[PDB]
Amino acid sequence: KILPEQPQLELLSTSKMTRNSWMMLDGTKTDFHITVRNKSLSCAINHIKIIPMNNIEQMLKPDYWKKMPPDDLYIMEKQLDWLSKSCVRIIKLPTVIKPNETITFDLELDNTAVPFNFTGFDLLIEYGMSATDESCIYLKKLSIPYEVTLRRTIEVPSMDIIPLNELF
Amino acid sequence: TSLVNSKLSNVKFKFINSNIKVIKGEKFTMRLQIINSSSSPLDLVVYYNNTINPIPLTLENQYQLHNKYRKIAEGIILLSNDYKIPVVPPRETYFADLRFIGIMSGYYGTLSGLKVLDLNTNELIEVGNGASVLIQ
Amino acid sequence: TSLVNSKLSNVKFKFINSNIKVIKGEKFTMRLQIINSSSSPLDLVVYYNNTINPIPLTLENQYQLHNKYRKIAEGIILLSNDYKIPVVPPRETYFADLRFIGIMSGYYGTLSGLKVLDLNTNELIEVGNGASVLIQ
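Protein chains in written order, with full-length UniProt numbering: chain C, 842 to 1009; chain G, 400 to 455, 481 to 560; chain P, 400 to 455, 481 to 560.
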């Protein structure tokens, strides 16, 4: 079986990174740019999709919800859902690349609520070229890793209530 | 009585101003002096617990005891809870600068609740007996 | 060239903004990235040397060398001299937030003097090669 010409992405550079390494102050939200270029000289991609998936979403076994109470289940699973959706995010991505075009798109890394084991990030992309208007789109994979380290900042380790009794 | 000693140890505790009076709602300060001369430094930690001690007596005595424990629990608050006194080297003294603020007017003579835990033998010495706070 | 690594070790250094232009007299900030992946944390200490390096050449070249060394020595000062970078645990990174202020107008390409000492094997690696300060 013979398929048409396919493209390729190179990861030309990233702005505020050094071999995909960064530090975060555990509450501050930053952003930076990603530059990629289509190596192909003939045809380019008409389909891009970004799906970040970091270590903790990668490093939880498929059966975590079996034996846990509803409350801790809700807390941990709410954290997981927010981390899936409202975490590191793409704004203003392109929709059509051209051959040998070095396109750049932004990326906002927001971690206001992440646990103290968020050391890892594995942003993977699947660009694709539409077929010759027949039935399908030929997808590919590219799995760039980022090694972000999370410091520690202000944290509340205890609580009380002690209701008032007398006006002042 | 005002000078409180530690069981199974040689350390010594004394408030510089063991008697203080202040208007309710105004934060005040107490300088707790520690004398250590035994063998070695310590990592004793001071904390005020604002929890009603469970009661063990007729109803009159029982409610008197509950009122006393409630006033102890939710009368004074320590603004440096779970403090870590850094080091107390041997044959040397140190001042623990404790900060409080009162919320319930009364006479907290020999205030309980303020107790210092030694993280070497799990001592629970009642260091707070050397205080005579009076908040209006 | 801009990215500088450490000999006899795997730690690596890079400035976030190696190309900085500021008005002379004003204090500026330069963000130094540390990569640690070798085996264990490092206790590296960074400092700027403000002494004229002794000269070793004809009078012409020798005075050129002396002028260069003087300009390096008394041109920039690190306002956090002898900063103890606390810990860089393995397979992690850290941002040494160095703070400077210049006193002589000029172009300090690949500035020397800013050299970081490693307190494990006495490495005197020249970390300042990845800096291109320009000040009017």
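No lab work stands behind these hints: they were computed from the structure.
Keep in mind that a hint or two might mislead.
[Claimed, not checked] Think about it this way: if two alpha-carbon atoms lie no more than 30 Å apart in a straight line, the pair counts; the simulated DSSO-like pairs of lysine-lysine are:
| id | chain 1 | residue 1 | chain 2 | residue 2 |
| --- | --- | --- | --- | --- |
| 1 | P | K426 | C | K902 |
| 2 | P | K426 | C | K870 |
| 3 | C | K890 | C | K981 |
| 4 | C | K857 | P | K426 |
| 5 | P | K495 | P | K426 |
| 6 | G | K426 | G | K413 |
| 7 | P | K508 | C | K907 |
| 8 | P | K406 | C | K870 |
| 9 | P | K411 | C | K870 |
| 10 | P | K423 | C | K933 |
| 11 | P | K508 | G | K508 |
| 12 | P | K413 | C | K880 |
| 13 | C | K857 | P | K508 |
| 14 | C | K981 | C | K842 |
| 15 | G | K492 | G | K411 |
| 16 | P | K492 | C | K870 |
| 17 | P | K411 | C | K908 |
| 18 | G | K411 | G | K539 |
| 19 | C | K870 | P | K495 |
| 20 | C | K870 | C | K919 |
| 21 | P | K539 | P | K508 |
| 22 | P | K420 | P | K492 |
| 23 | P | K406 | C | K857 |
| 24 | C | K919 | P | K492 |
Verification of the hints:
About 51 Å separates the Cα atoms of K426 (chain P) and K902 (chain C), which puts this hinted pair outside 30 Å; it is violated. Using a Cα cut-off of 30 Å, the hinted pair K426 (chain P) and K870 (chain C) holds, with the two alpha carbons roughly 26 Å apart. For the hint pairing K890 (chain C) with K981 (chain C), the CA-to-CA distance comes to about 11 Å; that is within 30 Å, so the pair holds. Between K857 (chain C) and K426 (chain P), the direct Cα distance comes to roughly 23 Å. Compliance with the 30 Å bound is thereby established for this hinted pair.
Restraint check for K495 (chain P) and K426 (chain P): satisfied, since their Cα atoms lie roughly 18 Å apart, inside the 30 Å limit. Distance hint between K426 (chain G) and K413 (chain G) is fulfilled; the C-alpha atoms sit about 21 Å from each other, no more than 30 Å. Distance restraint check for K508 (chain P) and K907 (chain C): the Cα-Cα separation of roughly 48 Å exceeds the 30 Å cut-off, and the hinted pair is therefore not satisfied. For the hint pairing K406 (chain P) with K870 (chain C), the CA-to-CA distance comes to about 35 Å; that exceeds 30 Å, so the pair is violated.
This hinted pair checks out: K411 (chain P) and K870 (chain C) have alpha carbons roughly 25 Å apart, not beyond 30 Å. With a C-alpha separation of about 39 Å, the suggested pair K423 (chain P) and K933 (chain C) falls outside the 30 Å cut-off, and the hint is violated. The suggested pairing of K508 (chain P) with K508 (chain G) holds, with an alpha-carbon distance near 24 Å, which does not exceed 30 Å. Between the alpha carbons of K413 (chain P) and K880 (chain C) the distance comes to roughly 29 Å, so the proposed pair stays at or under 30 Å and holds.
Of the supplied pair hints, the one linking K857 (chain C) and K508 (chain P) holds, its CA atoms being roughly 25 Å apart against a limit of 30 Å. With a C-alpha separation of about 18 Å, the suggested pairing of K981 (chain C) with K842 (chain C) holds against the 30 Å cut-off. Proposed proximity of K492 (chain G) and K411 (chain G) is supported: the alpha carbons are some 28 Å apart, at most 30 Å. Of the supplied pair hints, the one linking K492 (chain P) and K870 (chain C) is violated, its CA atoms being roughly 42 Å apart against a limit of 30 Å.
The suggested pairing of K411 (chain P) with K908 (chain C) is violated, with an alpha-carbon distance near 45 Å, which exceeds 30 Å. Taking the CA atoms of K411 (chain G) and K539 (chain G), the gap is near 14 Å; set against the 30 Å cutoff, the hint holds. Taking the CA atoms of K870 (chain C) and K495 (chain P), the gap is about 40 Å. The hint is violated against a cut of 30 Å. Between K870 (chain C) and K919 (chain C) the alpha-carbon distance is near 20 Å, which keeps this suggested pair within the 30 Å criterion.
Of the supplied pair hints, the one linking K539 (chain P) and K508 (chain P) holds, its CA atoms being roughly 13 Å apart against a limit of 30 Å. With a CA separation close to 20 Å, the supplied pair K420 (chain P) and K492 (chain P) stays within the 30 Å bound. A distance of roughly 25 Å separates the Cα atoms of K406 (chain P) and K857 (chain C); the hinted pair therefore holds under the 30 Å criterion. Proximity of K919 (chain C) to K492 (chain P) is assessed by CA-CA distance (about 61 Å); at most 30 Å being required, the pair is judged violated.
Violated hints for the displayed structure, listed by number in ascending order: 1, 7, 8, 10, 16, 17, 19 and 24.
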